[PDB]
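Quick setup: one chain, the form deposited in one PDB entry, written in structure tokens, and binding and motion questions come after.
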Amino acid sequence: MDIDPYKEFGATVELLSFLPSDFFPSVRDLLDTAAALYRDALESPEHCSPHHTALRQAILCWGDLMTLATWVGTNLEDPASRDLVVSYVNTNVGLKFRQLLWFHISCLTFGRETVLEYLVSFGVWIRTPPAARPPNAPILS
């Protein structure tokens, strides 16, 4: 199967990649934010939205990878192999979760279409060279 997790939400993997990697917050900071803003609704027994259902699975999969790292470190008593697995996750998969977490959190706070219009505006703005581009970047509040 060729599945795009953004496709049912009016976006695509390409559109998210349009933003530079450095622009996304850390996974840690996005999880703290998900809690801060939406802990009650995430843990609730209501399908509040597709964004909520998407966020739940993503948070639990990141959860599984962190349980694996801890398990390797303490249960296998092998911190070296632990450090390699953390390094592999952060290098190879961290960006994907950063994009996905940011996208679904941003979509809930600011609204879906606002986040889309913001991806195009910011990518244009950032690519425009410093001299040419307006000093005040596009904002979502």
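Note that the rigid core is defined as the largest set of C-alphas that superpose within 1.5 Å between two forms. Numbering follows the first chain given and starts at 1. First, how it differs from the form deposited in another entry.
- With the rigid core aligned between these two forms, the listed residues 70, 53, 44, 92 include just one Cα displaced by at least 2 Å, namely that of 70.
- Shown in the overlay between these two forms, fitted on the rigid core, is a CA shift at residue 109 smaller than 2 Å.
- The Cα position of residue 81 differs by 2 Å or more between these two forms after fitting on the rigid core.
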Given for the second form:
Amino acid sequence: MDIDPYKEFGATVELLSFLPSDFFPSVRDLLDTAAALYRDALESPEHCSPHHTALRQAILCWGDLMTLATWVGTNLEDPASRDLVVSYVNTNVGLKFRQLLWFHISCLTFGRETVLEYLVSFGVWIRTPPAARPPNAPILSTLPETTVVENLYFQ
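Since the one above is the form deposited in one PDB entry, can you give the form deposited in another entry too?
Nothing else is written out below except the one chain.
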């Protein structure tokens, strides 16, 4: 099968690939943030949303990879090679999970449309030559809960 984990969420692997690897927080920091903001939802008996369901699996999958990588490492006769398999996972699959965790955590806070627009905004900014672009990166931020039109309507 050819399954793109972003496709049911309105995105693609190629679109997440538009961002440089340096854009994404680390796996540990994504996992810490998922816990700080969404632990209760993620641990609840309710689906909550497709993003929650996917994020739960992504978190556990990283755990599966690290548990396997740690176990083999303990079996490597060279004690200096203890985290060699763990390093292998980070090198070849770490970026994939950073993209995926970032996507779901961000979508849960900002909504798909805002996240996808930000992906484009940053990817265009980082491809503009540094001496020709605004010094600071674009900012990821939430939409207003109420529009100016609605606010003025109820004056």
